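Note that one protein chain of the assembly has been removed; the remaining protein chains are unaltered in position.
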Amino acid sequence: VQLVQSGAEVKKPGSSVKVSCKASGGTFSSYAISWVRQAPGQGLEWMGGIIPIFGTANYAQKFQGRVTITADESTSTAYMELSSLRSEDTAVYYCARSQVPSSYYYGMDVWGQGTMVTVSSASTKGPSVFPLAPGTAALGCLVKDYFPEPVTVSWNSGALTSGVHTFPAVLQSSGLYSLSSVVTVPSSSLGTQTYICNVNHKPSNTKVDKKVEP
Amino acid sequence: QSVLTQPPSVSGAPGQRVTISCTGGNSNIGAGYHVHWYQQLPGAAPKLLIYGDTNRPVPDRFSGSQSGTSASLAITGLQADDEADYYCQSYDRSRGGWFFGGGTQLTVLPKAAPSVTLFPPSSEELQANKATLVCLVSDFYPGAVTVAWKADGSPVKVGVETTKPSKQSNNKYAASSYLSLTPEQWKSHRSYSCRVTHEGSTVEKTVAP
Partner (left out) sequence: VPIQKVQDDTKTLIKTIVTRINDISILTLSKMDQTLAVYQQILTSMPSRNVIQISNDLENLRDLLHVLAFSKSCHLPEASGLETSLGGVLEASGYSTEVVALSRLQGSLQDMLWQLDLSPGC
């Protein structure tokens, strides 16, 4: 058995989101489906559960009034809808099927992949790519002021892999992300070889090929 | 504040036995209701390690026990793969819900001082009326690392954005810090420096307009 979840979503404060959880070969209705959120750097938080065949759901007191857990036995798919999104809701939401039929008494043994839901007033925007000019030299690119995650960074279109390090982004005070990707190369090759960073930001559909010259 | 309490972090060297605790009251761990344990590896969904206090779905190196208002997970013969977050779960009968604990980050432990690299603002960036000094730290174990900035020797605390040390592909750590300035600010001093402190040893890097 496997539980497959919908894709990540970016929403604004006040709006709502609905995450799905479809089965992949199981008596989905006889089991219990729990919804658990996890914010970045925080732990698991049991939000609720539901036994589809019975139809009644249960909600943690914390999320009561803002979360709705439903189940469709036909499509064997659970749904968790969160309304009135705040900044604090930014988190990964997991759905988990219990080990024995209709009870959590013995744990939840089949978890989902997780669905990232990001609540921010920031809007989609591409990055500005600036060059970090260089027995070893280090060159790189600064992918500044973009949103939402993620961006991917290649060098020479993938031909360069030795010595590459693409660091994790930082959430600047402006709501936009910034990333750095560096690579270490022989000092003697700066005169002959061309190093170019290919930055890809799919949310804004931007791609930037920027050459880092000494 | 989670109903169940766990140690924020426990650490051991390979082959060592580690114990993670999970304490509550008589409405959860006490009064019969069991304690489950879940393992969450870096960038993955939780997996069920222990259910019903002791039972395993899981290597025999993991085990569980329950006494009074406490439960514990023992990992004997610690391996590199066990480095992960561990969450205990139990049913609270006063709140009516299977609530988790605060979680424990289990670290498997050779020290390594950091390699720092400071990039100054790009000419193009200054022409965009923006300036960003970049301090990249890499190849340092353990994760603990402090970053401080100084312009002409005076501490800078406004416009500093630093990350929590992330795990590299070589099981070590890297981090990044950014100092945001306006071109005039960047040009108005003679030097900027980032200082990276790690296990008492500090690596300082400086750039000048």
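Labels A and B are assigned to the chains in the order they are written; within every chain, residues are numbered from 1.
In this section, a contact is a pair of C-beta atoms (placed from the backbone, for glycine too) under 8 Å apart; a residue touches a chain by one contact, two chains touch by 3 or more.
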Check your understanding: For the chain left off this view, which of A:56, A:174 or A:189 is in contact with it?
Key -> A:56
Practice item. Check each of B:38, B:91, B:119 or B:140 against the chain that is not shown and name the one that touches it. Key: B:91
Practice item. Using the touch definition up top, pick the residue from A:103, A:124, A:189 or A:193 that touches the left-out chain. Key: A:103
Revision key, fill the gap. Listed in rising order, the chain B residues that touch the chain left out are 27, 31-33, 51-52, 55, 91, 93-94, 96
Study note, to complete from the structure: Residue list for chain A contacting the dropped chain reads 30, 53-54, 56, 99-106
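We adopt the following convention: only the chains that are shown with their structure count from here on.
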Exercise for review: Find the geometric centre of each of chain A and chain B from their Cα atoms only, then give the gap between the two centres in Å, rounded to an integer.
Suggested key: 18
Study note, to complete from the structure: In their shared complex, chain B is touched by residues of chain A numbered 34, 36, 41, 43-46, 48-49, 58, 60-61, 94, 96, 99, 104-109, 111-114, 128, 130-133, 138, 140, 142, 144, 165, 167-168, 170-173, 178, 180, 182
Practice item. Name, in rising order, each residue of chain B that touches chain A in their complex. Key: 2, 34, 36, 38, 40, 45-48, 51-52, 57, 85, 87, 89, 91, 95-103, 117, 119, 122, 124-125, 128, 130, 132, 134, 136, 138, 161-164, 166, 168, 174-176, 178, 180
